[PDB]
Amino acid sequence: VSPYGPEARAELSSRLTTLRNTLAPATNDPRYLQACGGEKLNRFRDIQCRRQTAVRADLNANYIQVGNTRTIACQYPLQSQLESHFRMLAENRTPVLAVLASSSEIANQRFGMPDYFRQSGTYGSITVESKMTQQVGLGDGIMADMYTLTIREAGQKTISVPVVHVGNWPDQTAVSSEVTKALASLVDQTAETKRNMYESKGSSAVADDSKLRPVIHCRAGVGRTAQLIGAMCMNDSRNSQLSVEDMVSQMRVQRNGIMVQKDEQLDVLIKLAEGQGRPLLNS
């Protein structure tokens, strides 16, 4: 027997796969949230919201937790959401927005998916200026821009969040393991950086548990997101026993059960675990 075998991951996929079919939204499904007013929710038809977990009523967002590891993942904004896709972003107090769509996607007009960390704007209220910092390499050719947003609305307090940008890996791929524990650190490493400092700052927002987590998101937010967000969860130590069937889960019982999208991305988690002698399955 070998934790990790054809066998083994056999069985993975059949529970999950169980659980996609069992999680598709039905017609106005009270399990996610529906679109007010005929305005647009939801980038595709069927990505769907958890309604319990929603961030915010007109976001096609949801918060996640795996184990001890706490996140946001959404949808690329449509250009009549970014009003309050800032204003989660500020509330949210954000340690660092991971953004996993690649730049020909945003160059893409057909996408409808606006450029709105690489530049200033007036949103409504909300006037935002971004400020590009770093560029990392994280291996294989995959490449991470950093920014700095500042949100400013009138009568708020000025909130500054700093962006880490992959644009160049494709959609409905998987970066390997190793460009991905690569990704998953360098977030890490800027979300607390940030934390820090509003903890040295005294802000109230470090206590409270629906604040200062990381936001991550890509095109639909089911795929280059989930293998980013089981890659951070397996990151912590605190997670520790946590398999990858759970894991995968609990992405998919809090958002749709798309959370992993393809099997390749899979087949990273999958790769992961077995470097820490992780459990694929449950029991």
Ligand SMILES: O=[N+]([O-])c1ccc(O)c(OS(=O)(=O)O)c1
Given for the second form:
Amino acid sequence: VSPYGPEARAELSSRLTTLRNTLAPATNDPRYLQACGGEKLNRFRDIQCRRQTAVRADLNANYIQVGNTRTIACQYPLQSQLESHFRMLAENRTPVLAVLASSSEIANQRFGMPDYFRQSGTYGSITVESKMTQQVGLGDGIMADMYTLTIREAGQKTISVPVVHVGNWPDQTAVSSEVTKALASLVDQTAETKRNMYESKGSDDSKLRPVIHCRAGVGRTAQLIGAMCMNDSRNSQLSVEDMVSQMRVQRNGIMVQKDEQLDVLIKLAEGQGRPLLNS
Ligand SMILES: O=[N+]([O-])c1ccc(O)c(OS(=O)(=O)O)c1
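What would you give as the form deposited with this ligand bound, now that the form deposited without this ligand is on the page?
Then the entire complex follows, led off by the chain already shown.
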């Protein structure tokens, strides 16, 4: 009876599970971006990049549109992908880069997660200057550390990108619906202030997209993108089924990895009177 009761939830999981299963990548899957002769592309072998929406041939990153909300979801860039990663950021005039990987993950060198935004560096012909800005508490002890990345390259227009780094959102978990809302708000506001700057100077659908990544770019990243989607007034009536199905067909079947992460999107939906299932 209740649109958010056990039966609705079970039906939703059922549909999404079949989707994840059928979206699993086969070897040399035509639906997924393939690596360039030996060079490692995917941080995680089974977490691939939908070819049709791929942003760059050498990155595991996808253009994503949930309803009307446009973003870019990617994996934490590998050491070898940094220059291409920075080029994507600059070419997109990235209004905000949201990093949900924890300080502990990036610090552990066994994870091969380069500390590319908290310190300056040079990658290929690109030089990056990192500058610390404000710190915003999101609730429940979760903290957002802000930065600005100035990307310089000979002959290219210099681009500065605001960074929102949630440094203590544990891998494989879901922060509360309340924290998720505070985060979505901060990310959206950060992006809007930047977009406004570009617009005030005289400004493309493929550009000015918020860029979000965690470790694999399918768990924490998906929870945030879903929350950002629900904060967009243009998505009235977009169901939870639609949101998740769209993220999955546009990146991979793992988008919204944990049941606890789906549960946050469901709770947020319930709070808005947003439907869970289609039909
Ligand atoms: O689904 N996975 O295979 C996967 C692997 C490593 C992660 O750290 C992770 O969690 S994620 O970074 O929030 O996406 C998810």
